[PDB]
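Student: So you can see what is in the structure, the chains are spelled out below.
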Amino acid sequence: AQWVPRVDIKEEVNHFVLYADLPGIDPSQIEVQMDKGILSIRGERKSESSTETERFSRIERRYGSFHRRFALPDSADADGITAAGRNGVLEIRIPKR
Amino acid sequence: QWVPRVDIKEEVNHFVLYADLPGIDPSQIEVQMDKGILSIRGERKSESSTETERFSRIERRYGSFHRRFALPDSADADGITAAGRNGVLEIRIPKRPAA
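Residue numbers (the entry's author numbering), protein chains in the order written: chain A, 40 to 136; chain B, 41 to 139.
Hints are computed from structural coordinates only; laboratory data are not their basis. Just to be clear, a hint being listed does not mean it is correct.
Away from chain A, derived, C-beta distances all over 10 Å, residues of chain B [to be verified]:
| hint | residue |
| --- | --- |
| 1 | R81 |
| 2 | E83 |
| 3 | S114 |
| 4 | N126 |
To give a feel for the contact side, a few chain B residues facing chain A, derived at Cβ under 7 Å [to be verified]:
| hint | residue |
| --- | --- |
| 5 | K49 |
| 6 | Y58 |
| 7 | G63 |
| 8 | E87 |
| 9 | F95 |
Cβ atoms here follow ideal geometry from the backbone N, Cα and C, with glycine treated the same way.
One chain only, chain A, in its complex shape:
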């Protein structure tokens, strides 16, 4: 958690969805799990700005490790999670029990 990616969360009738803006990270390097109700989204984003940093005239993009945690309702079925990314948005879908 040296940066805190934005995550929206919705509870539909029969599932939750979390949508995490994680640009610049392959969805396979993002770990999504639920442990005792806590949905965590964790990984480490690398950034070009850590390489030849002095050649940057601006560095706005955050990166490094992240670890987002959400205490989702007990209805979230922790054995149902899927996560798939497109264009740096990770969409995590979790059925309700």
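Mind docking chain B on chain A? Use the hints.
Tutor: Okay, now just chain B, sitting in the frame of chain A:
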């Protein structure tokens, strides 16, 4: 307002702009450079605008964005290329040969 974050690097032969534009296909990001000013513009939709009341957390920014970056006179607008991966658009702007 969504102000997508950008880093900009000056390499020996090129400037490189890296923009975090998650949730947009790269082909939908308009990149233009005119008068030494590199512009990125586009629009992102968000799921949060649909059935907003079912969201228990909303923080992702979306809607239109347009940022402009004046670059050194060395940058050559005509040579720009851009490629996107995982929501990051990397724009490469070559430098003009020396006068």
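Student: Would the non-interface assignment of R81 of chain B survive a Cβ cutoff of 10 Å against chain A?
Tutor: 16 Å, holds
Student: Would the hint on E87 of chain B be counted as holding, given a Cβ-Cβ threshold of 7 Å to chain A?
Tutor: At about 6 Å, which falls below the 7 Å cut-off, the nearest Cβ of chain A leaves the hint on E87 of chain B intact, so it holds.
Student: With a cut-off of 7 Å, does the beta carbon of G63 of chain B approach a beta carbon of chain A closely enough for the hint to hold?
Tutor: 4 Å, holds
Student: Let's test the interface hint: is any C-beta of chain A closer than 7 Å to that of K49 of chain B?
Tutor: Hint holds; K49 of chain B Cβ to chain A Cβ min 5 Å, cut 7 Å.
Student: Against chain A, does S114 of chain B hold up as non-interface, every C-beta pair farther apart than 10 Å?
Tutor: Holds, since 12 Å exceeds 10 Å.
Student: Would you assess whether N126 of chain B, listed as outside the interface, keeps its beta-carbon beyond 10 Å of every beta-carbon in chain A?
Tutor: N126 of chain B is in fact no farther than 10 Å from some Cβ atom of chain A, at 5 Å.
Student: Please verify that hint: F95 of chain B, Cβ, nearest Cβ of chain A, below 7 Å or not.
Tutor: This interface hint holds because 4 Å falls under the 7 Å limit.
Student: Using Cβ atoms only, decide whether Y58 of chain B comes closer than 7 Å to chain A, and label the hint accordingly.
Tutor: 6 Å, holds
Student: For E83 of chain B, is the shortest CB-to-CB distance to chain A above 10 Å, so the non-interface label stands?
Tutor: For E83 of chain B, whose nearest Cβ neighbour in chain A is about 13 Å away, the distance exceeds 10 Å, so it holds.
Hint 4 from the list above is the single one not met by this structure.
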